[PDB]
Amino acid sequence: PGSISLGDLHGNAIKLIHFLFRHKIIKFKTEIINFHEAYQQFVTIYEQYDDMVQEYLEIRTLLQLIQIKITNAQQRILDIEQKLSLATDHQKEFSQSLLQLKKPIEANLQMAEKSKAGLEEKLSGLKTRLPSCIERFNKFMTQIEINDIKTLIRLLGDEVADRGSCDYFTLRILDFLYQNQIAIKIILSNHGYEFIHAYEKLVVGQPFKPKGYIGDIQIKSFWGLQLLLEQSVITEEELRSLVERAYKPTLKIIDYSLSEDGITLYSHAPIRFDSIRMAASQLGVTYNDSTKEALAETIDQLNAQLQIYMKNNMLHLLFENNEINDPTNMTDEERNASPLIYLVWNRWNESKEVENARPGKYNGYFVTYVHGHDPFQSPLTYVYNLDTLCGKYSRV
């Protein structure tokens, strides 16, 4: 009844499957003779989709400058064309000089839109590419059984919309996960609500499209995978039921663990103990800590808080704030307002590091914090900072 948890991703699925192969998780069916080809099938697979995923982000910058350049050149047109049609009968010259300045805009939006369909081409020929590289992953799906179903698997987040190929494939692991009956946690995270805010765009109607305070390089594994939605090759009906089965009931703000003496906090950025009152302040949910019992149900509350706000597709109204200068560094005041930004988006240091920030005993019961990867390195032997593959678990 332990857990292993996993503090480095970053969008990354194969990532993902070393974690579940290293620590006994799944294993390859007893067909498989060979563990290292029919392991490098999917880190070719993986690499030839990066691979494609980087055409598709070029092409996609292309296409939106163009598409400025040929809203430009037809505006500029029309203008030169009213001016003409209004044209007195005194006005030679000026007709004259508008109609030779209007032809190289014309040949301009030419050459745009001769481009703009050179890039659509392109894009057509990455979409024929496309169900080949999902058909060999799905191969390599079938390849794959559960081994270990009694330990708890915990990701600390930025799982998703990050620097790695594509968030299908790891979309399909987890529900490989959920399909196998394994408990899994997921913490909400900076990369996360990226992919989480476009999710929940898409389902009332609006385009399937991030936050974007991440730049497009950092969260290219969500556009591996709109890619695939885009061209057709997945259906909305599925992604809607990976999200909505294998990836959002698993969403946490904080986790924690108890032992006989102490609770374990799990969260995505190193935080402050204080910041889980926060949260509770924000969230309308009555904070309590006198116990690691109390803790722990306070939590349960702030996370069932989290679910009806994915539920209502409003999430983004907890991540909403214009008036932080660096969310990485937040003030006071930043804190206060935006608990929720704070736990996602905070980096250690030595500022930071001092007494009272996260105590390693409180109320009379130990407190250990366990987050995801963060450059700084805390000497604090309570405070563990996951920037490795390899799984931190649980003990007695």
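Positions refer to the first chain, counted from 1. We call the rigid core whatever largest set of C-alpha positions still superposes within 1.5 Å between the two forms. First, how it differs from the form deposited in another entry.
- In this overlay on the rigid core, residue 163 has a C-alpha that sits less than 2 Å away from its partner position between the two forms.
- Core-aligned CA deviation for residue 104 between the two forms: 2 Å or greater.
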Second form
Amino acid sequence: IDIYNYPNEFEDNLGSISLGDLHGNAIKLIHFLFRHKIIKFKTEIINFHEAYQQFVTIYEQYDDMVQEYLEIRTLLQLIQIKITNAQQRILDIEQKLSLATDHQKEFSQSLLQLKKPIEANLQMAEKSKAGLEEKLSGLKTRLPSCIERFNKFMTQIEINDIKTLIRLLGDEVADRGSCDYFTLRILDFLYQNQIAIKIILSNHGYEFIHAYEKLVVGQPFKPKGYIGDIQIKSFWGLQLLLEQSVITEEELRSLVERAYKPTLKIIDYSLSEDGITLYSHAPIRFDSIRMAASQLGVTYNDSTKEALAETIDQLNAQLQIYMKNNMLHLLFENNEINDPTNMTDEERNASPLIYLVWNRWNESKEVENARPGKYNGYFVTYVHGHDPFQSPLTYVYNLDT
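Would you generate the structure of this protein in the form deposited in another entry, following the form deposited in one PDB entry above?
A lone chain is what you will see next.
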């Protein structure tokens, strides 16, 4: 499908729809909501295609502004290395000078002479940096027009279908897209309209949550850093607005606390009369559910599909306790992991949530043992976000929605 044009085809649905991989791309979310008739343009809007197009334009301009923000961050880190080196030498010297008594005169003079050239280099570096942060002020001047164009675009939208469950299988924030502010504003639009939305926890998602949990305890609103800056560009689109005071912290906390955080699940399910469907981010293994229970102190039971449904509900409740206390990072701190995408049985038992958000499938993992299509008498169906490997099982669903 072409997400950069207003949809010409529309899909009715069966009470729930899943978005497999958003890539932090608000255009894909808007396009997905139009295509499934969750939202619609209001009557006074005539040219639907043009209306959709102005959001496309806003989004791409903002994307290039974030690109420039990334280049500036790289350069700031580079110049900060030199600033740090000169500052360290000057600090040591100034300590040795500050403890100079009247007896050590030639001593003080010698330290002064050694300090002068380093001070010069530091002045030149510090001011190259002054140039960079000037260019950054220049960007601050330009973002508000883009945001006002975005709000104007949102004035043209209204809800249509309210009886459909929306499920996002991950990478809705902190990803390749343009700006998480757009996405959270769309999710808040859905919240204000009492739309049912569930979001499955993912690794990009965790980068975002990690930044948010740092922010609420007074640390910078900046992520863990396991994923590189380009691959979480959309997070930086949001962070940019915060640090430049274009939006307020209370607005960000409002959107996150009311529209994002209550939607998160470790795993979701739905019940049919004869089985259960498990929705996750990454392709995972049946036996991982029990492991996650062990980490969260949730008593595991899968004797019936209802017993598994209850187990998953308890997992998600415990998750929400970690979200309410902004301490989900305690469950993703494990430095002893070689490859989170290819975690060993020991690593999986030690940090199961990490496995659930990072696992990437391949054929060595495709083994008859991994994902049964029936367990304890009930059918099991697996649905997860886009993963390159394409399993031939007919009860496994790899969504590029």
